[PDB]
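Here we start with a single chain on its own, the form solved without glycylglycylglycine, put down as structure tokens.
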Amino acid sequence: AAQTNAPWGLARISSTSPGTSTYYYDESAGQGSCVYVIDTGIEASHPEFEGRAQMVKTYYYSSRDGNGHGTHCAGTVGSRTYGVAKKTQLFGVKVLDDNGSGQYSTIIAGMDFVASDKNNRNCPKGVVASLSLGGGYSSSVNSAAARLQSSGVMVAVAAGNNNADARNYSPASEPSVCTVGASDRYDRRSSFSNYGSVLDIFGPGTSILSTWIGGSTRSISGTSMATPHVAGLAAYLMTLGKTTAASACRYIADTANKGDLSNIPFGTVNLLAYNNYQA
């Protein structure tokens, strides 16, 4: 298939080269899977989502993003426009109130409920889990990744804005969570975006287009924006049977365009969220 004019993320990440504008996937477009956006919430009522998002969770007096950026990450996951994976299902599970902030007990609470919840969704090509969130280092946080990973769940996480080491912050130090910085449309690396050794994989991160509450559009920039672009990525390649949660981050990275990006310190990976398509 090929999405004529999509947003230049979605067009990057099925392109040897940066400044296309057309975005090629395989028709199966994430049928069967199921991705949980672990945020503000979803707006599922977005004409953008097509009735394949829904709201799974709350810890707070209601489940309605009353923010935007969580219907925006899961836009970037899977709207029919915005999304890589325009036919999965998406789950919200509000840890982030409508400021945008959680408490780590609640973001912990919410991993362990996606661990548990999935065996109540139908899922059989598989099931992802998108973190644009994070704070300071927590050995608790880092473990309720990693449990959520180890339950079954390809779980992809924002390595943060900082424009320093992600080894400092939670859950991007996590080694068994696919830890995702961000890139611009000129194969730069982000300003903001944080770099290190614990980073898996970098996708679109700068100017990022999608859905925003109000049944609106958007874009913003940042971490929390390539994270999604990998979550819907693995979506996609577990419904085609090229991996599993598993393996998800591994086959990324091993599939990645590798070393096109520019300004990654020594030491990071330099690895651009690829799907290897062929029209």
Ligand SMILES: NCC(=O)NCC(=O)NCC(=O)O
The other form holds:
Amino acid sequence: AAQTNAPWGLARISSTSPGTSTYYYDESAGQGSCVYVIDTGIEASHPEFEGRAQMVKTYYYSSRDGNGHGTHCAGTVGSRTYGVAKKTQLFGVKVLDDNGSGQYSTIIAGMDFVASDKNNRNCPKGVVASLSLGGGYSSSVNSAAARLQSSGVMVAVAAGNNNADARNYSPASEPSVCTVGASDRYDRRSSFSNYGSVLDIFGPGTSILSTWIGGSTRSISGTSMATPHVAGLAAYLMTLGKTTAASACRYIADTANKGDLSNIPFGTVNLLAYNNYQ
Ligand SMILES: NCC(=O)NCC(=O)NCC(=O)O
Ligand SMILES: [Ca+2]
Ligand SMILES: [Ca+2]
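Show the same protein again, this time as the form deposited with glycylglycylglycine bound rather than the form solved without glycylglycylglycine.
First the chain shown before, then all remaining chains and molecules of the complex.
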């Protein structure tokens, strides 16, 4: 399948070179997989989700995405026009309030919820979780992310936006999950993206067009935008059967475009997520 005039990051994950604008992908499109977006919520009624989005848990007095951030991330995972995996199932877990903030206890609770919930959902091709959030280092946060991975979920996490080493942030610093840095349309690591040996992969994160609340769209930047590219790619590869949750990060790293990025500090991977279509 081919989506012409796609957002630049979708085109980039299906190309070996920057500057193209068609997103090429297998029509299976992540059907039968599921991605939990652990964030501010998801506006499930948004037409771009085509009924494939559902809120499953909130830690606040409403499950509504009153911010937009979670809806944006979900759209990069799986919306019709802005998504990597255009037929996956999206599940929303609201751990951040409508200012985009959350206590570590709440983030841990949300991860634990996904660990115990996902086998009760219709996800024959596998389960991903996208964590477009983080804070300062916490052993308990890292442990919860590692247990979520070990429960059978492909966990993708944002590296963080400090232009610093991701080993000082959580859950980015948990080695057993997939830690995602951000790039711009010219194949440069994004100005704000964290780096370091703990990064597994980079994906598009600067000026990412996706869904927004109110049935709308918005372009924003961050490692929170790169993470859902990887989560959606994992869902897509799991539906094709080329990997499973346990090996998905390593498989994505091994099949990535290698050496294409600039502004990559020595010792950080130079790997850009790539779907190997065509
Ligand atoms: N104490 C952790 C926290 O609340 N982090 C805020 C956060 O990650 N918001 C989403 C983002 O900035 O990517
Ligand atoms: Ca290249
Ligand atoms: Ca890792």
